[PDB]
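These notes are about the structure you will find just below.
It is the complex with one fewer protein chain than it really has, and the rest are unchanged in position.
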Amino acid sequence: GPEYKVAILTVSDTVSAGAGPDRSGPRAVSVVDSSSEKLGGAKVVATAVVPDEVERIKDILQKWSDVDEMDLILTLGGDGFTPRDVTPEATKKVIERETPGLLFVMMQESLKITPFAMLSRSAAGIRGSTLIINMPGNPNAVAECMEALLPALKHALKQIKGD
Amino acid sequence: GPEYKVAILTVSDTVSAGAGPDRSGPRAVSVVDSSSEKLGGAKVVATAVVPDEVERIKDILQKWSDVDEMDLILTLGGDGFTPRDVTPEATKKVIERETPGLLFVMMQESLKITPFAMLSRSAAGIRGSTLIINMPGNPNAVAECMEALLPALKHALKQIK
Partner (left out) sequence: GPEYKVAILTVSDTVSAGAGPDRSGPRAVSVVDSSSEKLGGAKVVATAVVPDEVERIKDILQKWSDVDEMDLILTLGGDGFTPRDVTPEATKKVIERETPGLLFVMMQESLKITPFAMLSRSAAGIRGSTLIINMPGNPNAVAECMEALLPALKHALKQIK
């Protein structure tokens, strides 16, 4: 049905251990939907929760990319300065081609709102035909991050397939 | 005898195949010449064309750096999201010392012109005493990128030798 399949990985010890709810997953989904027209028709067809563990993050990024053939994975959380935050390290081991322009833009735009944006260690890139983008664990962040990328994200996904 | 030898690598399956003229290469050459003075006396002295294949891109960057001792190599194309675009991966395998400043400036300035600038995956860096910089395929791109780097690129090349 969906022209582009999006999947959202929430990374969090707290959430994964049933000790707290997911306040960001839902917004991410809600933001992608509300942005479906401008993304050339996209839909979240899968979410998942993993803890802050590199192997668990890699396995899902691999599985969603290689086997389920997602076209766009957003991760949420595990991207800051805390000892446990290893999402970007996990992400870099699985992507094949980096997309530093997406990171440049998420950082430029977030900094306009607050200087604490400089504590995001986001990575991004392509594996096979899958665009993978790290985003912070705040609910508001996915909205701000997605507002910054949307002008170009449609053309990006089209480009990864065959323009 | 130019003070800084520059070399321009066009990257493109199409152009390498003969299937179409090289639109970007000549323009780039013409840009560099026109900025010769501002760059401390640099001139293009070689170009080449390769398809979108990492090994081929590596060989030329390696040969130009290690053997011809080029001072500045600009690559054009192969830097986007399309599956064959592999210039930056090729580049990353041959540089020894990254120069993220140059990537930040190219990206900051091109983004003022258009948000589609975020789709360049340019890499850049230094191998031996050769500065290498990925720029996009558009003929207009090279000139915009060059205008962005021009204030410091003379001092960059002098610092290297």
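Order of writing sets the labels: A and B. Residues in every chain begin at 1.
Just so it is clear, contacts are C-beta pairs under 8 Å (C-beta built on N, C-alpha and C of every residue); 3 or more make two chains touch, one makes a residue touch a chain.
> Quick one: say which of A:34, A:82 or A:140 touches the chain that got left out.
Checking the options A:34, A:82 or A:140, the one contacting the hidden chain is A:82.
> Which one touches the absent chain: B:15, B:39, B:74 or B:102?
Considering all chains, including the one not shown, the answer is B:102.
> Touching the absent chain: which residues on chain B qualify?
Touching the missing chain: residues 96-102, 104-105, 108, 126, 129, 131, 149, 151-152, 155-156, 159-160.
> At which residues does chain A meet the chain that is not included here?
Chain A touches the chain not shown through residues 80-83, 85-86, 88-89, 103-104, 107-108, 111, 115-122.
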